[PDB]
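Heads up, the chain below is alone and in the form solved without the partner chain; it's given as C-alpha cells.
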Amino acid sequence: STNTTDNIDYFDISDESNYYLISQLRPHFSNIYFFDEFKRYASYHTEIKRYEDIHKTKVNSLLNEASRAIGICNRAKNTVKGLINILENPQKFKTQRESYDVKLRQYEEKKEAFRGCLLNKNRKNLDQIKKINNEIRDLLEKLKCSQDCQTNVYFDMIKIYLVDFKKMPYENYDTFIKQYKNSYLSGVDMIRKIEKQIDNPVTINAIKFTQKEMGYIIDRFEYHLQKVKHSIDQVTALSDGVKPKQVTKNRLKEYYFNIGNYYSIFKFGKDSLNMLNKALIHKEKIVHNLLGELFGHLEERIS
C-alpha cells in the first residue's frame, strides 16, 4: 500500500567486539555458511569424518537456536514497524495525537530495544560459534599429514568458487548503489532548499525520516558490497597466485579457514544485498510520492 514500509528486515546489529554481524535473514550469522562449507571440505578427508556428526548436531542446533532467538524479538520488531509506519506517512500520523517529536523519540527508543534484543538473545549462540570453530581446528589435526599436506581440495574449491562468484551481478549492484546515492543526496539537498519556502511540517518531517532510514540502509548495502568484492578479489588472487602441491598441516588449516571465510562472507553478503536492494527501492518510492505531494500544493513555480 501507499507509503508504507511492509518489511524491516534491513536492520542488523553486531556485538560489542564487532566480531559477529547478526542478520535477520537466515542463517543469521555468516559463520553458519562457513560451517556448511567445511562439511564439503571434510568430505574429502577420511580422517575427519566426525564432522558429519558435529554439523548435524551442533551446527544445525546453532542455526535453529539463532532462528529461535531472532523469533523472540518479533514483538519488538512489530513495535518499531508500527512507529516507522506512522512517521513515514503523514495521513497516518494525522490519525493520532502525539507530536512528531514525541513519535520520533519513541521510534529511537524502540528501534534500539529491537536491535538490542537481536543481540542479547543471541549472546550464548555467539559463544557457540567460537567453540565450533575451535572444534574444527582440533578436528583438522587428525589429518595424517604433517609437513606434506596436499592442497588439491583447497584448489578444487577455489575453482568452484570462481564459477559461483560469476553468478553475482556485481557490476549491477555497484551501478545501482552509485545511481541511488546520487538520487538520495539530491533529495536531501532538495529538502534543504525547498523547506525554506514551503510550510508543510508533517510532510517535510516524513521525508526527512525516510531519508534518515535510507542513509542507514545505503550504509548497510555498501558494507556488504565491499565485503562481497573483497571475497571475489581475494579468491581470484589465490587462483592466480602460487600453486604449492603440498603445505604444512597448520598451513592447510589456515587455507581452509581463509577460503571458507571468503566464501561464507560472499554468500551472506549476497543474501543481504538482495534484501537491501529491495528495501532501498521501496523507500525511494515513498520519497517520490511525498516530494510529489509537496510540490503538488504549490500554486506557482518555485525558484
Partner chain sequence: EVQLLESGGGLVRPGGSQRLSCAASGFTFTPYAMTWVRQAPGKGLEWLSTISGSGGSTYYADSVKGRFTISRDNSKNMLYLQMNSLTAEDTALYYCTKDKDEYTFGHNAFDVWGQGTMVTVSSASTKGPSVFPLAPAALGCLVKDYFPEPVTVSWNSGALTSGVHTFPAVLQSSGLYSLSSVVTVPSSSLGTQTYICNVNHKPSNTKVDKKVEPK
Second form
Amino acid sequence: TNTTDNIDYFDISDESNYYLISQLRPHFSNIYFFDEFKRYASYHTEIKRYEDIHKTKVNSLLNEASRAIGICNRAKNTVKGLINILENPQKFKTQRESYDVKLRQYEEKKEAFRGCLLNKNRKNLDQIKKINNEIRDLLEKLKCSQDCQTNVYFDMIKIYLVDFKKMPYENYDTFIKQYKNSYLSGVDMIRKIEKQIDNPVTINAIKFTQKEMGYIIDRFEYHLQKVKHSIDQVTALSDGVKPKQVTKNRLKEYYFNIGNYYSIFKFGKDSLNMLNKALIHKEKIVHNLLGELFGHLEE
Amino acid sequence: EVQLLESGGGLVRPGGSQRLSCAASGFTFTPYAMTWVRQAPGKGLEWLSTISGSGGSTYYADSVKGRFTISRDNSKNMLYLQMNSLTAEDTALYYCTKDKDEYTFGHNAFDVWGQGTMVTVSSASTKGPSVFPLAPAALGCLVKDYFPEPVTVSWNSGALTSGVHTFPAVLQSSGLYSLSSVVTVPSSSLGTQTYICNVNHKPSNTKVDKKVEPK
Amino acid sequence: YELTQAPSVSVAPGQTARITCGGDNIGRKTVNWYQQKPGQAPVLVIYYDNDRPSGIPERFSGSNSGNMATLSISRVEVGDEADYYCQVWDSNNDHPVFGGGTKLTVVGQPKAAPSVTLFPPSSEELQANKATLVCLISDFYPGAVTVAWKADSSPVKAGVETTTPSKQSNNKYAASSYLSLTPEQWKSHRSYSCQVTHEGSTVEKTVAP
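Can you give me the structure for the form deposited with the partner chain bound, which would complement the form solved without the partner chain we have just seen?
Next comes the full complex, this chain leading.
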C-alpha cells in the first residue's frame, strides 16, 4: 500500500569490516560455523563428548545476539515510521513539517538505528573470537598426530556441493542485473524530467525510495559475490588435489576453511532471500509513485 | 573538503606489474562508486574501470579487461587498481573519481577528481640528468639527457625565485628528455653575485649543483 | 555509444562560446560536462544536460535535445581557455564514455612578440665532445611560432629538436629548440642563428664560438 512494513534490509559492520551484523537470525555468519563444527564433531568420538557443552556455549551467543537486536526495535520502528512518511505523498500531507526537515530526521534516526545494532552487539563480537579459539582446542583432542584421514573433510565437501545446487545463483544474477537496470533507468529519467515549478512531493518520494533501492542493490551484490566465492572455493577443493592423510594442525584449518565458506553461503542465502523481496517491494512502491506522478496529466 | 589522492605511478618495464592507489577523505567512502580513468599525454580522457560501493559490482574497459583489477577497502577509504602485463599503449596519467551521488554504479557525473599519477612503460632504464651551465642579462642551466620526467630545478637552494622560468622539457628521438631553466637578473648584479642551479631527479636518485658565472 | 566532439573551437572575449557534443539520440540520456586546465585536473562544469554545480559561474549553461548536446559559455574571458569533454552512460555496454574533447581557445587578446635568448654550448659540454645550442622563446601570443636553425647563413636541417608551445602563467606562450652537433661543427662555422618567426615577423638571435 505504497508503504514499507519491513526494514530488515539494513545492516552494520564494525570499523574493521570483519564482522557483519544482520537483522535475520543467526545475525552472525560465525554462528553457522559453530553449528557446522557440531556436524564436524559428530564424526570424531574424542570431540563429540564435548558437544553438549558446546551448544550451551553457542546458544548463549545466539540468545544474546537475538537479545541485542531486539533492544534496537525502538530505534527500528522509529526509522520505519519516517520511511513510511517520506515514501508516501499522501502520508506526507497529513503532517506539517517541510520535506527537508523529515529527511534530516530520517538520516539521524537511520544511523542511530544502525549504530544500535553494532553498539549493543560489541560484547557479542568479542565472544565470537573466544568460541573460535575454543573450537581449536577441541580439535586438538583428535587421536591422529601426523596421519589424519581427510575422509571426513572431503565427505563434508561433497555435502556442501549438493547444498550449493539448491540456491538459484543464475536466476539471482539475472534478477539483480535486470532490477539494477530498471533502477538506473528510473533514476536517470527523474534527472531528465525533474523541475521545481509544481509540487515535488511525488518526485521527492521517488528519489527517497530509489535511494533505498540503490542500497539494497549494493548489499545484494555483496552477498551474491560472497556466496559465489564460497561456492567456487569449495568446488575448487573437490576438483583439486585430495591428500589421503594430512597432519592434525592442517586438519584444524581444513575444517576452518570449509566451515567459513559454508558459513558465508548459508548466511548469504538468508540475506539474498530477504534482499530480493525488499527490492521487489521497493520497485512496486516506485512504480505506484510513477503511476501517481503520471496520473494527473491535465495539470 | 572531499579529496581524492593518488600515488603508486612510476616507471615499469613492459610486461611488469604496478599497483595504483586512491586515498579518499572528507566524505563517506563506502556508499559511493569509485572510478578509474586514464589520459594519454596529448590524447583525451579514457574510462577504465568503476567499482560499486560494497564491491559486488566491478566494471572494466575492453582495453584493460583480463589484465587490470579494481578493488577497494571500505575500512581505510582506499581505492586500488592492480595493473598487470603492461604494454607501451598503457602509458598515461591515471585519475580516480567518485559519482556525485550514492548507489549509482558509474551512471552519474564525476564531481571530485584527483590530481593524477603518471604510469610510464618503456624498455629504457632511468638515466641521470647531465647539468651544464649557460653563461651570459639572461643565464641558466641545461638539464640534458634524463629519463623519465619530472626534474625539479631550484636556484640557489630556493633563495632567489624572481625572474626564473623553467621551460617544459623536450622529448628527443632517443626517448631521453631535455629542458633548460633560465633566470632574469640585472647586469649590475652580475660579477659579484653567485648563482648555483640545484637540479634534483627523483628516479635517478641523483642531485647535482652547477655554478654559473661569466668566464 | 560514440560521442563526436569538434577538436577545436575558438571565440573572442565577451562573446559566447558554444561547445558541442553529438550522439545518435543524446536527448535520451543525461550529459555531463568537464573542464581540464593545462596540467590540471578535470572539474565538473555542467551535469544532467542543464544542472550546474555550486561555485560554477552562471555563464556556463547546457542544452541537450535530439542529436546534439551543447555547452555554452557566455561573457568568455581568458580564464575559460581549457579542454571540455562530455560524459554519457553506455546503454548496452554498461559503462561511462567520454568524448574526444574540444579545445577552447580565446582570440582577440593583444598580439605580443616573442623574446628569445640564444645560448652557446658550454665549455664543460665541449670537453665531453658534445654540443647543444639552446634557443628559448617566451612571452608571445598567439601560441604558434616556427623555429629555423641556420649554420652561418645556410639552414642545417639536422639535429634540431623543438618543443610544443606551452601556455605560461602570464597567459602568454613559451617554446624552446635544441641543436645537437659535434664540437668540430660548432668551432668550424662562423656562427649559429636561431630564427623564430611569429606572425610573419621573424625574430632572430646569433651566437658564435
